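Take a look at this one chain, the form deposited without this ligand, written out in C-alpha cells.
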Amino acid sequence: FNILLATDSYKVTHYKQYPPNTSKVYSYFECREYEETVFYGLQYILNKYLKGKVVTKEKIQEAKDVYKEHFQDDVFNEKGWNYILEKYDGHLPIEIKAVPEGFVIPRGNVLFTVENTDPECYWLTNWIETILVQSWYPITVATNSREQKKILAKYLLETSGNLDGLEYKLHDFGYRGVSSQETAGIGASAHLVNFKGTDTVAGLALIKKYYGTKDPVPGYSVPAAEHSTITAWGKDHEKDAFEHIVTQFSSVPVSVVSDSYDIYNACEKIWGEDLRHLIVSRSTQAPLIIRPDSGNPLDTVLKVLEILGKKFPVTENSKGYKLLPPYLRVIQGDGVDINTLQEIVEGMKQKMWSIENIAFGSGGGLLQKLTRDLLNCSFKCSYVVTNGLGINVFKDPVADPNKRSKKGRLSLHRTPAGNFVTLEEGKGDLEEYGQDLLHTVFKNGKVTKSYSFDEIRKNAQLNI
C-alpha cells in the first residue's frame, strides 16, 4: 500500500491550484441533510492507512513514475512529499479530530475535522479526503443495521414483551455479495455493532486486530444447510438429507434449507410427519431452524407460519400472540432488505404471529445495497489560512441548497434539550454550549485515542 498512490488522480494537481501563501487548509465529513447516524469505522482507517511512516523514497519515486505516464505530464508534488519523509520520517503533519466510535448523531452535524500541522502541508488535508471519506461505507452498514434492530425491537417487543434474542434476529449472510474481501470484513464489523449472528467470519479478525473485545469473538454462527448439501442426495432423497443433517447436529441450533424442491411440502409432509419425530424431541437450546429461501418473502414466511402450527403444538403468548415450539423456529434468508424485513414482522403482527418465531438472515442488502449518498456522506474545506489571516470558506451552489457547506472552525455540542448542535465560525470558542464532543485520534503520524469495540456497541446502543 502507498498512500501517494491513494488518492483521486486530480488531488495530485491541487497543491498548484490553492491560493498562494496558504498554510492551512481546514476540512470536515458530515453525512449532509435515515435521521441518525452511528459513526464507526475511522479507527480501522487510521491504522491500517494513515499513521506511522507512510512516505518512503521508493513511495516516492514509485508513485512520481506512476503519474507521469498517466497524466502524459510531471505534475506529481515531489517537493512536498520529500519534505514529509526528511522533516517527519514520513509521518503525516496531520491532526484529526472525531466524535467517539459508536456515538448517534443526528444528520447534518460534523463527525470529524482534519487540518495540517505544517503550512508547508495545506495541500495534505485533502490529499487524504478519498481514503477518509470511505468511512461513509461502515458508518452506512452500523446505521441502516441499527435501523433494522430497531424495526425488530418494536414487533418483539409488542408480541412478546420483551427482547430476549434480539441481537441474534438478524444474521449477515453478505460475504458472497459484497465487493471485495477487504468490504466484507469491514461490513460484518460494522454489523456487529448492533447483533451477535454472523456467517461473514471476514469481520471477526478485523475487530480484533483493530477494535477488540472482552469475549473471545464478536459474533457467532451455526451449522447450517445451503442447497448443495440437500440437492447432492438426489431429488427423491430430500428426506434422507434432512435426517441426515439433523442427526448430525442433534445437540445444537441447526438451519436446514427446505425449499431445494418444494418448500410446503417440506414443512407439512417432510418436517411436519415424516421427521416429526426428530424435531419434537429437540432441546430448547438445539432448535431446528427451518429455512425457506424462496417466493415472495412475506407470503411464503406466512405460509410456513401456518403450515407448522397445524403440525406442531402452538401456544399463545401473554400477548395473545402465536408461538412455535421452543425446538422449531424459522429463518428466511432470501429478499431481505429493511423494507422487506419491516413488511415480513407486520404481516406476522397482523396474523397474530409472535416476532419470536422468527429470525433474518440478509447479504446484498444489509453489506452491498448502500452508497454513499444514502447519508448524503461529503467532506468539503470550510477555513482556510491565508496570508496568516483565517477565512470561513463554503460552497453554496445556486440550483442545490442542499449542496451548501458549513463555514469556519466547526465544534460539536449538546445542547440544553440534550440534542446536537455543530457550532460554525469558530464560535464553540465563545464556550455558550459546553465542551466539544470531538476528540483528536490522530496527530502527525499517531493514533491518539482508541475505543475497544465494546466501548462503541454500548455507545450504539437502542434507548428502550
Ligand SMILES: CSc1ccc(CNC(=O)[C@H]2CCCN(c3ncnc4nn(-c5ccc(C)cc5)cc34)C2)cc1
Given for the second form:
Protein chains: 2
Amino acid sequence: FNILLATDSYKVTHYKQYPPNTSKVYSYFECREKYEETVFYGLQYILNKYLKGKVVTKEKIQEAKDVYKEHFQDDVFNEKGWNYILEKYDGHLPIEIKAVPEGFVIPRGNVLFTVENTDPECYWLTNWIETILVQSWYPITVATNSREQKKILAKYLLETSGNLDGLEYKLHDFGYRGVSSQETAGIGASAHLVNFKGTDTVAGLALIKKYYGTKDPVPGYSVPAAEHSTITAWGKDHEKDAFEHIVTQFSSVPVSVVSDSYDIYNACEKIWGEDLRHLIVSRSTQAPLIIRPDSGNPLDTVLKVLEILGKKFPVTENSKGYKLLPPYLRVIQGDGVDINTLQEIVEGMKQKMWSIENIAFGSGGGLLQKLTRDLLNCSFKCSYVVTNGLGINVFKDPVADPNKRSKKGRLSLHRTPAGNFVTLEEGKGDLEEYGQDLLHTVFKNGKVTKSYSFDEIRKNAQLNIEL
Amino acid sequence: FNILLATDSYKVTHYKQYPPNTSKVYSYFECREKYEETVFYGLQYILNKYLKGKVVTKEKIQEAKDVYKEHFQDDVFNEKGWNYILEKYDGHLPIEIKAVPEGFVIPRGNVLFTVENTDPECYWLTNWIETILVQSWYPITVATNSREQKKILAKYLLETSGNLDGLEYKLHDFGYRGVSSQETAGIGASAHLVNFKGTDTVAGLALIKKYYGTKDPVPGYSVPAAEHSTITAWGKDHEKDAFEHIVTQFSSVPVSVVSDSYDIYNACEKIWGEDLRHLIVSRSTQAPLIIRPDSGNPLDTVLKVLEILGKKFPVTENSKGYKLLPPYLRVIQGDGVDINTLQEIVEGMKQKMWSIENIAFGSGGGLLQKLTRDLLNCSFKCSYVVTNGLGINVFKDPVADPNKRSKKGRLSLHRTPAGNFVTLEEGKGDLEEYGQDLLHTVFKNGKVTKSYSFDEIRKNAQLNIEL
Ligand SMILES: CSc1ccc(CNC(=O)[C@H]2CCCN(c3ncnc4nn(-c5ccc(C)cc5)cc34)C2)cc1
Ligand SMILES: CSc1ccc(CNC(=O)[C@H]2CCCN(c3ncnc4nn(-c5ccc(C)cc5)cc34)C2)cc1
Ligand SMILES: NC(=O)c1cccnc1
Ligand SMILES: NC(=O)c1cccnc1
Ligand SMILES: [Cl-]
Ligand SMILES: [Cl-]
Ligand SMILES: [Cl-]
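Moving from the form deposited without this ligand, what structure would you give for the form solved in complex with this ligand?
After this comes the whole thing, all chains and molecules, with the earlier chain placed first.
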C-alpha cells in the first residue's frame, strides 16, 4: 500500500491551489442533517492499517512520481513536499486527528472527527487524506443501519414477549458473497457485530481481533446450516433424505435447513410436519431445527410458514397473548431482508398474533452492500485555515442547496445541559461554557494515541431500551 | 489472507451434508434473467490474488481450526480434508474453472463460469469457494452499468454532434471516497476503465497493471481540478482570487474548477463571465477551463449554467444544428450522477438544442457503490453431482419464485446459427449440434491456465455503435 497513490487524483494538484502563506488547513467530518443518530465506528481500523508509522519511503515517492507523470501527462506531483515528510519525520504524517470515542451514538449534524496539519509546510496534507478518512462512512453507516434494525427488533420483541432475550442473535450477517470485496466484507461484518453476535461473514472476526480486541475469544458466532447445493445434490425426489441426514448429523446443536428448494409449503407441512416430525419433536431447546424459507414475498412466506407449522406442531400462547412454536422449532427469514422489509415482517407477525421469539432474520446485501455515503450525508470539509498568521473561518454555502452548508471555524463537541449534544463553531468551545470537548486526540504525528476495545465500542453503542 | 477463513460460516459444516460417496460437485455462475447483456470482468483478479498457488499451509489450517472451534462452539471444521490438499497437492486447490473470455458481452441467463473439483476427495471444495467467486458480481456489475451509461452517451453525442469524439472521456470516476474500502475502490475503478479512460480513483491503475496489464503506461487519466477547500480557503469575499490563482497555475492544461461554493450562477455570469473572462478566452483548445457545478437539481443546474455561459461567451452552431461553447470552455456535472439522471440530463440538453460535446459527467457513489448483487441477479448454483459413480442433474425450482429456477447438469456456452448465445444443459453440448464450447479453462489445480490483457478486455467490451 502506498498512501501517495491512495487519494483522489485531483488532490495531487491542490498544493498549488491553496492561498499563499497558508500554514494550516483544519477540516472535519460530520453526518450532515430517519437516521437521526449515528454510531461512530471504524476510524481506528483506518488509522492503524493505513495512516500510522512510516508511510513514506523514497521508493513510494518515486513510484507516485512516475504514475502521476503518465496519469496527468504533466508533472504536477508535489515530490518536494512528500520528500520533506520523509526526511524530517522519517515518513510519519504530521497530522493530528481528534475524534469522538468509537461506539458513541451522536445526532446528525455534529462534528465526529477533525484533522489538521502539525507542521506548516504540510498544510496540503490535511485534505490529501480526506479520501481515505471519508471511507469511514461505510462502517459508520453499516453500524448505524444495523443498530436501527436492532431498535425495530427490540420494540417488537418487547411487545410480543415482554423481554429482550435473544435480541443480539436476531439479525444474522449473510452478506459475505454480496459485498464488493474481501476488505469490505471484514469492515462491514465488524460494524454489524457492534450490535449483534451472529455472523457468517468470517472476515469480520480477524479484523476485530487485529484492530480492536475482545475479552472473549471471538466476537461473533454461527450455527450449522444447509444451502441449496447440500439439499439439491440428493436429487429432487430425495429432499426428505437430505433433511433427515442433515438434522441427524447436527442433532445436538441448532441447525438451519433451507426448505424452499422445490416447495417450501410442502416441505413444512409434509416433510417437516409429518415424515420427519419424530426427528424434530425430540430435539433440545438448545438445539432447535431452524426452518429457512428463501424465496417468495418475505412477509407472505413467513406468515404462511408459521401458519403451517402452527397446525402441525404444538403451539402455546405466551403471557402477552402471542403464539409461540415449541422450543425445538424456529424460523429464519434470510431472503429479501433490509430495514424496510424487516419492519414489514415483524409488524405483519404482530398483527397475526405471532411472537417475534419465533423468528430470526438473515440479511446479506441489505445489511452490508445496499448503503451509500449519501444515506447519512457523510462529509469532510475544511472549516478553518491560517493564512499570513491569521486564522479565518471557512465554509461552503451553495445557493441551490442549504443542506450542503458547512460549519465555520474551529469545532468542538459537547454535552448540553439537558444531556444532548452540540457542536460549537468559531472556536467558541474555548470559552468553556459547555464542559469538556468530547473529541479526543486519536492520532498525532504518525502515532495512534488513543484506542478502544471492541467491548467498549459495544457498550457505547447499546440501545436505550437495553439501558 | 487465509482461504480457510474466506468463506461463509455455514459452508464449513457442508462437507457433512452432501450425500455419502459424492465424488464430484459441479457448479456454475450466471446473471439470471433493462440490463439485457452483462460484461464478464473481474474473475482473473480473483484467481490470481486469492486462488492460485500454495493457498493452504499448516499454520493456516491451525488458525482456522482454532477460530471455528470458538465461532461454532464445536469442532466441525474439516481439518482432515484441508490437510489432504496440503499433503497431496502442496496446498494447491484441485479445482477446474472454465469461463467466458473477459470483456465478453453476454445476454442474461447464460453460463459465465463453471467450477468443479478434480479430485474426488475434494467434492466439498467446489462450493467452499462460492463466496470468493461470487464477489465477481461487483466488477461485472460496475463494468456493465458503466457500459450502459456509455451507450446513452454515445447515442446522444452521435445525435447532437455527428460523431463519437471524446466518448471515452465523458463519464469520469469520482467514486474513491464513496466506496466501502480501498480494495473495492481498485476493483470498481478498474471495471469502469473497461469502458472509459477518465478516473480519479487512482487505486484502479495499480490493479490493472498487476493483474491484467496494458500496452500504455497507464489505463486512465485525469486533469487538475479544484475542490471546495481550495476555493473556500481564500475566504468568501475572495472567490475570484481563488479562481484567478488556480487558472493561472494550470494555464497550459485543462483545469476543472468547482464554482458552486457560494453562488454557481453568480460565479458563471459575473466571475467567469466578466471579471476573469480575459483569462478564459485566451486559453488553448487542448487546455480549456472546465466549469463544475456541484449542487441543486442536476438537469436544472446544467441547463441554467449553459444558458448563462452562452450569453457571455461566443457560441457556435455545429453541423447538426446544436449549440457549442467555444473550445476553451466546457462543463462537468459531477453531482447526483447515476444512470438515470445521466439520461435525464443528456435528453434535457438535447431538447434545449445543447450539444453533448459541451459536457462531461463525474459519478462517484452511483458509479461504484450504489450497486448490489441483485441488479443482474448474479448467482452461483450446483447443477451436477456424481454420487456412487452416477452423475445426476441437480437444480432448485422454488414454487414461489420461477426466476430462481437454476440450470440442470453439465453446461456449455455456444453460438446459435444466427450468431447469438445459448447455454446448453444436461451435457447436450457433447452432441456437437452447436459447435465447440465457448468457455475456456482458466484455472486448474492451482494454476491460472488462460488470461487476458486489459487491452483485449476493452476490445471485447466495445459498443456496437463503436464497432
Ligand atoms: C430463529 S430463533 C432461535 C434460534 C436458535 C435457538 C437455539 N439457541 C438458543 O436459543 C440460545 C443460545 C444462543 C442463541 N439464542 C437465541 N435466542 C433468541 N433468538 C435467537 N436466534 N438465533 C439464530 C439466528 C440466526 C442463525 C443463522 C442462527 C441462530 C439464536 C437465538 C439463545 C433459539 C431461537
Ligand atoms: C466537459 S467536456 C471537455 C473537457 C476537456 C477538454 C480538453 N481536452 C481535450 O479535448 C482532448 C484531450 C483528451 C480528452 N479529450 C475529450 N474529448 C471529449 N470529451 C472529453 N471530456 N473530458 C474530461 C472528463 C472529466 C474530467 C475531470 C476532465 C475532462 C475529456 C474529453 C480530447 C475538452 C472538452
Ligand atoms: N448460514 C446461512 O444460511 C447463509 C449464510 C450466507 C448466505 N446465505 C445463507
Ligand atoms: N476531480 C474532481 O472534481 C473530483 C474527484 C473526486 C470527487 N469529486 C470530485
Ligand atoms: Cl526511504
Ligand atoms: Cl443458501
Ligand atoms: Cl470536490
